[PDB]
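Position chains B, D, J, K, C, A and O with the ligands against the provided structure of chain L, taking the given hints into account.
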Amino acid sequence: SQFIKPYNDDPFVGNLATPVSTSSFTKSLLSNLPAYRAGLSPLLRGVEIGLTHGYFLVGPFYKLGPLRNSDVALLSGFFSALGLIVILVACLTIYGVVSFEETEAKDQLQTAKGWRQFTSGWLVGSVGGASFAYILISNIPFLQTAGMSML
Amino acid sequence: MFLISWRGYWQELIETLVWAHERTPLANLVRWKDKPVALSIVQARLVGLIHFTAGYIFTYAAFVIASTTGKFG
Amino acid sequence: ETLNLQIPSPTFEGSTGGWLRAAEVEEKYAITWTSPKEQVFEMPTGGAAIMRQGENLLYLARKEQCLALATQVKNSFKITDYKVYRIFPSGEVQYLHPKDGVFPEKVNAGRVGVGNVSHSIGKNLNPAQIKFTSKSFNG
Amino acid sequence: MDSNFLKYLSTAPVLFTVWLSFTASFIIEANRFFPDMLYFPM
Amino acid sequence: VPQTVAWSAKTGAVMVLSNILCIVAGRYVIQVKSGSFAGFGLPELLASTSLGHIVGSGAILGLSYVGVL
Amino acid sequence: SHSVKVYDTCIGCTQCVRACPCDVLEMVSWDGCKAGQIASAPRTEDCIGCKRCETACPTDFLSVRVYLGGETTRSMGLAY
Amino acid sequence: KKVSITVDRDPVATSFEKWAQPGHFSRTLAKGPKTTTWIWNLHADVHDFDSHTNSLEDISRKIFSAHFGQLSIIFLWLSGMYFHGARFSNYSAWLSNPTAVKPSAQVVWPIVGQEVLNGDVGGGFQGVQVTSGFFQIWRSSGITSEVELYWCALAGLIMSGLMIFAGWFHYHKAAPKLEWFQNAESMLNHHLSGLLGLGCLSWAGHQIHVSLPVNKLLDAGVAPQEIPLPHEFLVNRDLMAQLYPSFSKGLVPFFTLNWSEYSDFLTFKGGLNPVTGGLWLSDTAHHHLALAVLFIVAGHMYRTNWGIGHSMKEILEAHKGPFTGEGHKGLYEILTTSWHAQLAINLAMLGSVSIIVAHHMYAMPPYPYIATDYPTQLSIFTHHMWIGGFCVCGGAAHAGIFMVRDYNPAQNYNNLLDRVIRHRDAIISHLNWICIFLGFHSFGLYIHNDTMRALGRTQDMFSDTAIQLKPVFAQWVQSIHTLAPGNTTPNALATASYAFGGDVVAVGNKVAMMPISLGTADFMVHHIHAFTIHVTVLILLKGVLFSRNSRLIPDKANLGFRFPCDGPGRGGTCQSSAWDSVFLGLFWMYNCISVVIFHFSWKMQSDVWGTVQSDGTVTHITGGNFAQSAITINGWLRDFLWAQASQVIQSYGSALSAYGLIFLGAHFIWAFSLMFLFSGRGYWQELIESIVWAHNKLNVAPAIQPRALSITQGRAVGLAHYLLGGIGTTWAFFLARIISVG
Amino acid sequence: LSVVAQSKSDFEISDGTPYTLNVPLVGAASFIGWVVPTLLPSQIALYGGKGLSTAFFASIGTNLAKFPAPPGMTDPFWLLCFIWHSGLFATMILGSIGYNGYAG
Ligand code: CLA
Ligand code: CLA
Ligand code: CLA
Ligand code: CLA
Ligand code: CLA
Ligand code: CLA
Ligand SMILES: CC1=CCCC(C)(C)[C@H]1/C=C/C(C)=C/C=C/C(C)=C/C=C/C=C(C)/C=C/C=C(C)/C=C/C1=C(C)CCCC1(C)C
Ligand SMILES: CC1=C(C/C=C(\C)CCC[C@H](C)CCC[C@H](C)CCCC(C)C)C(=O)c2ccccc2C1=O
Ligand SMILES: CC1=C(C/C=C(\C)CCC[C@H](C)CCC[C@H](C)CCCC(C)C)C(=O)c2ccccc2C1=O
Ligand code: SF4
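Protein chains in written order, with PDB author numbering: chain L, 2 to 152; chain B, 661 to 733; chain D, 3 to 141; chain J, 1 to 42; chain K, 10 to 42, 51 to 86; chain C, 2 to 81; chain A, 11 to 189, 192 to 754; chain O, 22 to 125.
Just chain L, with the same shape it has in the complex:
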């Protein structure tokens, strides 16, 4: 048995079919991620990705930022995470302007209208996920420490 084969039956394309690349488990994960999942509008793809990324962004800023030992650390962690999100949304916006020409179609990410929808969703989701992480950390003492409240 051989686990490595040419990519999509083509021996001369610059890729290989390896278990990491093209196993059934890998195919299931890639196909079900919001970027690639079927039946999702570009805006909804942006929302789901945004919620995930904004939620984890708050934590490193809060625990390791300059104001970490202060009593305003969570507020600083939220503002710095929000500041990063605002910069990232601008990165998405400028990419959309140069990369895609204007066309009628709006149902795909790699279209000017579609990329704009993805940016709108990602902005709202990142603000929403960062806000959710803020509420949870503000109220639950386990999250404020590293779980160190139990010891």
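Heads up, some of the hints might be wrong.
Reference listing, derived: stretches of chain D covered by chain L, where coverage requires no fewer than 3 residues with Cβ under 8 Å from a Cβ of chain L [unchecked claim]: (1) 17-23; (2) 54-65.
Derived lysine to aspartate or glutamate pairs resembling DMTMM-like cross-links, with alpha carbons at most 20 Å apart [as the list claims (entries may be wrong)]: (3) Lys80(D) - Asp567(A); (4) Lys42(K) - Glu197(A); (5) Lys695(B) - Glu72(C).
FRET-style restraints, in silico, Cβ to Cβ [as the list claims (entries may be wrong)]: (6) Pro696(B) - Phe79(D): 33 to 39 Å; (7) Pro38(D) - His77(A): 41 to 47 Å; (8) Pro41(J) - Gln124(A): 56 to 62 Å; (9) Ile725(B) - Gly451(A): 29 to 35 Å; (10) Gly665(A) - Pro41(J): 23 to 29 Å; (11) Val309(A) - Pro696(B): 54 to 60 Å; (12) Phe79(D) - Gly37(C): 39 to 45 Å; (13) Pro38(D) - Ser702(A): 58 to 64 Å; (14) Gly451(A) - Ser32(L): 34 to 40 Å.
The hints are simulated quantities; they were obtained by calculation from the structure and are not laboratory data. Quick reminder that beta carbons are idealized off the backbone N, C-alpha and C, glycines included.
Leaving out everything else, chains B, D, J, K, C, A and O with the ligands in the frame of chain L:
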């Protein structure tokens, strides 16, 4: 680094980075407008010269000012 | 004359050295050749492949890759039956080499000389003479 | 003595090493018997 | 220190057993060469008895270590 | 593209044409030299600028001259 | 009996004719010089045998005799080390007072005032202090007199004469055929059993009959000339049974398998001898006996002439799974037909072994009184780290020469090489990403700390007194090794090394070894080590994997292993050969090994070496500043380079003034190298044209037309002078510093 | 348990090749095969008179009693578990090789 190592090594690295970006999921959604290439031969000479010269100026300026300040004499 | 797209490719297990997205959106090169044997050769982009007895066909990203393979087949397996094509994503196939049926190192009638300058290289014009002028430095 | 061995001793690296060793050697001997000559004594 | 014993017939018994064990194993597992009367030669016998003195020495020392002796 | 020129000192040795890795050069008929042929550069859009032709040339100063110019995908040697 | 001796008799005539014809060995060089490039090309390609000859037989014969020539040089070198110890040394005085006398075996002539180099090393002697650790070797051997050192010198000279004779004989009189050299099973059987196994067994016999009694008497305190000569231990079995009573029983316990009788002299003590600060020589004797046993056992694995044994080809071809195609098929043919493939493997392994030697010899000091001779410990650690790094980079050089020259795709279809070459982009892009990740998160921690300490924010630093990056896995491994005696190594009495934890071993009030604690600075510099090793692997591996072809140059194998470029086109292909990745990877090897030896020197001075005052407190050489100062670059610059260069720069007028001069001279050579590295050949050829014009004007132009060095030779000269200057600057700095303070 | 020793879901270790991972059989057999020899007792302070498997199981129990607190650096938990896991991984690897490849 710009003065000792020359173009061919770096162009071959950059070709392995172009391959890896195109094959990585969630990352190949983003595409360059300009094909990444290694710096040119003359450009690399200029960049190494600028880095060398700037380091020369900044190191001596820090020394001549701080040693004279710290000594006052 | 035209590329028969159905020619079987030489057996190959794949590599990362093959062509990338620029081949499917800008241009691709193809090479065909006849082999009297089912023998192993080296791919320009990687490891080893096996050319099948009869007609073989490859796809590469660069013209230099097709010609580096052509040089190899001629030098080792004495295969002078190689034809190199350019293929555009529109489907247009452009025959490339040998351009008029005869190798470039052999003279052929009906070839018109391009780039030939009537004087020797030391007789060119100084840059100052042709400054702010469209006149070419080759005399 | 063998003419090919003498043709080997006439090669540039052998003559260079021997001549500069002889040269270095009489500088060393001259500074052994007549040391610290900062000036031509006059 | 692991406890070893002066040579007795028990030590000999272990050695003899291991040597015979390896002679039969060598008749079975030596891939390049009347169960013992086909193709049995001096290099085969000398190899199976060399492994017998290695297996036997290890077995004697281990059984001395644990108390079986 | 790069600009490749052949000057009339070419002795028609065909060495530049054989050394070119991208089939830029070919031999055409010419009465100027003894060999009856001169090098030609009909396909400079494919010239990568390697200057293997100039290395191959045996005339005292090169009959074939490569002048590196504007860069394209072909002349940059980019397989991507 | 297909393993047989076959020899051509009188192959090559012993003639001086080709001596007189420089360049005789190649068709290009044999027609004589026309430009100065010929001279350089003569030296560059001379030992490249497979570039002169087509036949593997003549190549193999040349290699075998050149290995005899190298052995003749090594034996002459050893004989000279023994003769200088016998004739020009204070060895006899050092034997009486190993802790007071400083070893010295080199005396200078008085010529231009250079006799200041004959410093007062002790024992009524003046000379250059030597740091190679030969005195401790000789005491471990049980030499005890200059007379025995003269006999060792004569034995070295006789071996040197026999090796140069054997090289001449086996090239010119009786040269083996190719089928003799292509006996890999026989060669491995003899080199495991015969060379390594009987080497260990014979040395174990010497340790037991000479080193153990003589060193037991020395460590008891007996004067060296009061000690019986080494053969009186061999004969008078009663005198040997006095020191080691197990000898009263002779060899009956060995043969009857009653081995626990021999526990007097075959111990498993561990730790260090308290008197000498070295390993127990009873342990080294047991170690060499056990290694001898299993090297002789291992040299019986492979099949030679009687059917028992393994075929290495069958072992290799049988190991293949579902990820790796045909598996190790074709590797036997590679390694029995290519000398470069064998040299690539053997150089990488020999370099790795030298790096292991460097770590193991400082941590488990094997010789008596070498642990408290700090100049020797620093010298042999630094020396074997440099030998290791060079040999590893030559392993990748000869992997590239194999791939360019000896690699044939027809015989390597779908095996392990074919598959590595067919996913080399995935390998090089993942290594490239690791090197970026690991430079950011190792050196970037240092830059974060420079910035925080400079900004007044010491609570924001990665340090022990701040945000901590502790090496918990290394600390845990140290814990296990201190718990091992009596627990997981129950019959051991002490730990393998006190570096893991435990006591302070002091000899002559100087620390032999003591626990080397790991903190945030140790976490940081270990990730610096992993970063520099990963980058060196990236450069050398990228050179090997892309040696034949790239996306850039599709026919790189036709240009060879060593070519300067393929022109200014494709944007520029400067330094595209496999040789140019060895050239670039020797810089990163230099960077890696320089940081390793700096880490060792500062950590040992700061936290291990020093003096044990009353109450058991230890005063280290630099007073424990590593922990709080090796976390910033400014700390390394100020507290290590600046503070410790005081001895080299203040050495003028003393016996260490030679180190001050070599410090400056190596700074010079290093800077001079940058003339060759930052420059290009075309400038220098055009400058040489005007110089040639001035010679033509005076009618004195040479007939060997001067040329600027080749592009490759400009790179090779720049790299040679760079390494010579940088290593020389560190050599002088390390030696003057540790001779003054340690 | 991506696929068990049965033709359930159409699993493919790679692009087009189905391959039955025998996660039940290999995991169970590797677990038991490693554990029974590992029971071998030893009067060593790390084991404490039990075997490696029994001591590892006991270490989980003693540290689980102090549930929030982690085991200390000198605690025998870290040595016992690392050796047990290393052996289990090795016998799982060898078991997967033997069963999937030799099929008998
Ligand atoms: C192999 C390593 C080695 C090294 C590095 C040294 C190094 C040294 N030795 Mg030691 N020595 C060695 C081995 C070694 N020795 C051995 C094996 C012996 C035993 C015979 C000795 C015995 C010995 C004695 C007895 C003495 C030294 C001395 C010296 C010192 C000065 C040597 C000198 O300037 O004479 C230079 C002498 C010359 C005649 C100059 C020769 C220069 C020529 C031109 C070199 C040319 C080589 C040639 C061109 C090669 C090609 C051959 C040709 C056919 C082309 C120096 C520290 C001296 C010392 O320490 O005094 C305190 C001293 O008296 N050595
Ligand atoms: C027991 C057998 C034996 C031993 C000891 C060696 C030893 C050696 N071989 Mg090997 N060799 C052997 C069998 C053996 N070979 C066989 C059977 C073959 C054919 C397949 C080869 C083919 C072979 C090749 C092709 C090469 C070697 C090389 C070497 C040298 C490796 C470098 C080194 O470590 O030397 C330094 C270590 C030493 C110990 C130096 C010792 C010098 C002598 C020769 C060792 C033996 C002396 C003697 C037996 C001891 C007498 C003891 C007495 C006082 C009681 C080393 C001398 C390489 C070499 O350098 O060639 C010269 C090399 O290229 N050998
Ligand atoms: C790893 C070691 C290392 C390295 C690589 C560097 C690298 C550098 N240092 Mg730093 N430095 C270091 C360690 C190091 N330093 C340490 C440990 C200290 C002590 C804390 C310093 C202190 C230091 C100071 C104080 C200065 C540097 C300077 C420099 C720069 C020299 C630039 C150049 O091209 O030289 C060019 C070299 C020269 C122009 C002269 C070389 C110095 C000689 C010894 C003095 C001059 C001699 C005389 C005038 C000329 C003789 C003429 C000839 C005919 C004989 C460069 C950035 C200098 C700088 O920025 O240069 C502008 C500078 O001012 N460094
Ligand atoms: C350019 C090469 C070079 C040079 C000049 C030196 C110079 C020195 N070495 Mg080093 N060494 C080197 C390469 C080199 N080494 C390499 C590549 C290795 C790795 C094998 C070592 C391993 C090594 C050890 C282990 C020791 C030295 C020691 C010494 C010193 C005393 C020399 C002596 O008499 O040896 C005497 C050597 C011994 C008495 C013991 C050597 C024992 C080893 C295990 C022998 C192995 C030989 C075997 C054939 C090699 C097999 C390699 C393997 C991969 C198959 C001196 C500073 C000694 C030292 O530090 O003394 C203070 C010392 O103990 N060297
Ligand atoms: C066992 C070790 C070993 C062996 C047998 C070889 C053998 C070979 N190598 Mg490899 N190599 C090795 C180790 C080894 N190398 C190591 C450790 C490295 C890393 C640096 C390399 C890197 C390397 C490269 C990059 C290349 C080779 C090449 C070669 C071949 C040509 C050798 C030649 O003609 O040089 C002739 C020898 C010289 C010109 C000597 C000069 C070298 C330096 C600059 C002089 C030494 C300075 C000195 C030690 C200090 C001076 C003191 C100063 C203060 C004055 C030959 C097959 C070349 C090749 O083409 O192979 C096909 C090649 O391109 N090797
Ligand atoms: C650690 C436990 C272990 C070990 C040592 C072996 C060893 C072996 N098995 Mg077994 N197997 C195991 C677990 C193990 N298996 C389990 C758990 C299962 C059930 C799922 C199977 C099911 C199985 C089948 C169905 C078959 C085998 C077969 C084999 C043999 C050759 C194929 C192979 O796996 O190559 C392994 C090769 C070796 C072990 C020898 C190479 C020597 C090196 C040093 C390997 C060392 C690896 C590792 C470090 C050892 C770890 C030991 C321990 C600390 C965990 C070999 C004797 C086949 C065979 O020959 O049939 C009898 C066969 O048909 N095995
Ligand atoms: C675990 C694990 C094990 C095995 C290996 C492994 C897979 C790699 C690893 C996984 C690791 C990883 C990478 C795990 C990563 C896990 C991550 C990043 C999870 C993110 C979760 C985001 C949430 C819950 C956002 C919620 C936002 C909400 C509810 C909206 C709120 C708001 C809206 C808009 C509505 C109004 C109110 C507000 C509050 C304003
Ligand atoms: C490192 C290196 C590279 C790789 C370097 C690259 C690709 C430079 C890319 C720059 C990165 C993308 C950002 C750095 C830009 C500057 C830090 C800031 C730019 C913005 C201001 C200048 C306005 C080469 O391409 C090269 C080519 C020829 C000889 C030597 C070398 C060489 O040494
Ligand atoms: C200086 C220099 C030269 C010219 C260097 C020359 C001509 C070397 C000079 C050597 C003279 C002729 C002899 C002097 C040699 C030394 C006294 C000692 C040499 C020791 C070994 C050669 C044996 C180049 O050719 C070059 C080429 C490519 C990049 C950089 C450079 C470069 O920097
Ligand atoms: S090489 Fe120079 S001379 Fe020979 S053909 Fe090409 S151009 Fe004419």
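Hints not upheld, ascending by number: Structure breaks hints 8 and 12.
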